[PDB]
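Number of protein chains: 2
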Amino acid sequence: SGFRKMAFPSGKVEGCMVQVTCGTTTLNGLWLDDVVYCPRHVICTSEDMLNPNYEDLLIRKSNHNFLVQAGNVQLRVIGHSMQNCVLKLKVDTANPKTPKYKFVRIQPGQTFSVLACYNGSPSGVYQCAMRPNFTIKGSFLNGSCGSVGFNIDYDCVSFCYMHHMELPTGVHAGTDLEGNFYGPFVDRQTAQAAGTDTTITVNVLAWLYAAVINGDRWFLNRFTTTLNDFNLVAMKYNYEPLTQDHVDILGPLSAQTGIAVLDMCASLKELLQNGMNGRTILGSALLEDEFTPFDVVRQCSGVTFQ
Amino acid sequence: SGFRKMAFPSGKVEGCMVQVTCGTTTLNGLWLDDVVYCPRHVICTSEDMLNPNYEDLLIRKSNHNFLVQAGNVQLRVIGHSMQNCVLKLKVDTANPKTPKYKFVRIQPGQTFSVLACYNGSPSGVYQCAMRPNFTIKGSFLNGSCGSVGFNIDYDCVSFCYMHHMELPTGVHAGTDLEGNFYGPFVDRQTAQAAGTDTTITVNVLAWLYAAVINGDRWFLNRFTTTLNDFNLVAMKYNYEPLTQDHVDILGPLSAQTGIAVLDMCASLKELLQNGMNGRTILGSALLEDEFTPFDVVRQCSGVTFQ
Ligand SMILES: *C(=N)[C@H](C[C@@H]1CCNC1=O)NC(=O)[C@@H]1[C@@H]2[C@H](CN1C(=O)[C@@H](NC(=O)NC(C)(C)C)C(C)(C)C)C2(C)C
Ligand SMILES: *C(=N)[C@H](C[C@@H]1CCNC1=O)NC(=O)[C@@H]1[C@@H]2[C@H](CN1C(=O)[C@@H](NC(=O)NC(C)(C)C)C(C)(C)C)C2(C)C
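Note that the protein sequences, when read in sequence, are chains A and A'. A prime marks a further copy of an entry chain. The numbers in the deposited numbering rise by one with no breaks, and the one at position 168 of the first sequence is 168. The numbers in the deposited numbering rise by one with no breaks, and the one at position 47 of the second sequence is 47.
Please note that a few of the clues may not be correct.
Identical copies go unnamed one by one, so any copy, or any two together, can satisfy a pair.
Stated by the list, open to error - Taking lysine-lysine and the DSBU-like style, the derived pairs with C-alpha atoms no more than 35 Å apart in a straight line are:
1) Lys88 <-> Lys137
2) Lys102 <-> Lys90
3) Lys100 <-> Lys5
To be clear, the hints were calculated from the coordinates, so they are not data collected in a lab.
The task is simple: from the sequences and hints, build the whole structure.
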């Protein structure tokens, strides 16, 4: 029993993290086979950041301007190129610890683990969701750029996020591993702001199922509702609309608990309208939306990885 | 900026986890140098658990009754002994991935990361605190026994917890790595219950400092209080008493924010008496007590490990 915000084990990623220095700027890189991936803004000076011309800035660099350190070993850079917003440094040594991996671009609502790093060294791991406005609510300080987000599927590391910047509201923005930003952000210091965020409805329902599995049943009721009546209520409260795909995704949890999806929606509708009135669910006094249906199954069924 | 429940990177522990089978029971073991540590209840059958005589049960076993698997490799057990509630299996191979480590018995209020495992394989990592009643609020399913809790200090893994059992309230109990239970629990299926829990005051104050560091200041006020007036209020609300040692521990955070400890206690006193009135702190609508002062410093200053 029990329910925690659980991250994937980080060991397979820790062995891929390196330190990248260009000029006075040091951040983190991801070393897979013989390529080191890192944010291209590592090539900017203070002068450059209001409106950098990255093609100009890169043509003025040579391989020896990039210092790559894996622990104490220095890696020799033998080529460099830019793909969208990531720099790719070809090095003379293939990482012997390269895991089986793929690069994936995730959608809003999906969750992943972040390995936060400074100077090429892991500081800590935590779980977070891609918000509907394409930011993440992370925890990052100076020097953290290049830290990556990932999932594990059996034996395969799926990299989905590389950290680039913090927005003035204290939330975070970055790219997939092919260098494309999530959201409408750009890697220059121009005024930018996150859109308004919404609550990820399908995840809130998954977490209410987890609560039932763990014995928290006080919010259940005998009613039911329809998708259209539910979605009309949800939109008043800044909740994402529920689709039939979402209903089907929640199938395994509905079956395990014997509570139909649209029954659970009727409970959520009540919680939105009347509130929780100083009661808690799974130790929280707010409705939680950073667990996916798969996260719940994984943690309430005990899935492992190799 | 940002503040998350952050676990230590798990890589150094993942390489120490193995599978231990005795009879029909399989759980996890910890493989350090040439010794595998695991809960001694692995030697019990269903018949044995109401009142096992572990000395009898162990004398009836031989080395070949214990199957130890590290991935696909089988490890040959060459000796066995019992220390308190842990079994120590001597094996013929020293783990080449043994990190620098020590064994530490922690006190209530301290936090650590748990690497939850099934069949010798890591499922996920999460952070939790040793509660004042010597339980942890973990997330564990069948087969999870032998999963360990740990901290990292520079280059050294400090193991502090091995999982043994779940109590009827859904919380968890286990031992240090020398086999001594935390709390008044025993490894037999007799009626046992956790004492009443209290809230870890020094951690709540640390988390309020984190909130200030991250810009959440609405709960601050101009008042101040004394330790004795504070402790009189705190005891009414099931909060642990505050000591002068606690005040000194909070020194670095007081200095960084310019808010004196006893000033912050006056804010907490107000929060206890009037409540939060539907406002949140660091995204929570409850006062959080599973971050230590060191956890806050580490995460708001960016400490790493090697
Ligand atoms: C990467 N190492 C840091 C990560 C920052 C440090 C504090 N927390 C974080 O997430 N990222 C950067 O240095 C990026 C990079 C230049 C500035 N910047 C920022 O994150 C700034 N934000 C910023 O300028 N935001 C707007 C929306 C563009 C105004 C900063 C340092 C947090 C003020 C560039 C964007 C190229
Ligand atoms: C270890 N693999 C499991 C971990 C359990 C499984 C569900 N979640 C957990 O934390 N632990 C055990 O099998 C221990 C072990 C025998 C039973 N037991 C329990 O955890 C039971 N609890 C129990 O009997 N509790 C009281 C307080 C003693 C009544 C169970 C399976 C959760 C009912 C022994 C204690 C030797």
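Consistency of the hints with the structure:
no.: 1; hint: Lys88 <-> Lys137; in the structure: within (27 Å within a copy, 43 Å between copies)
no.: 2; hint: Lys102 <-> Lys90; in the structure: within (18 Å within a copy, 39 Å between copies)
no.: 3; hint: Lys100 <-> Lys5; in the structure: both (25 Å within a copy, 28 Å between copies)
Against the hints set out earlier in the document, no violation occurs for any number.
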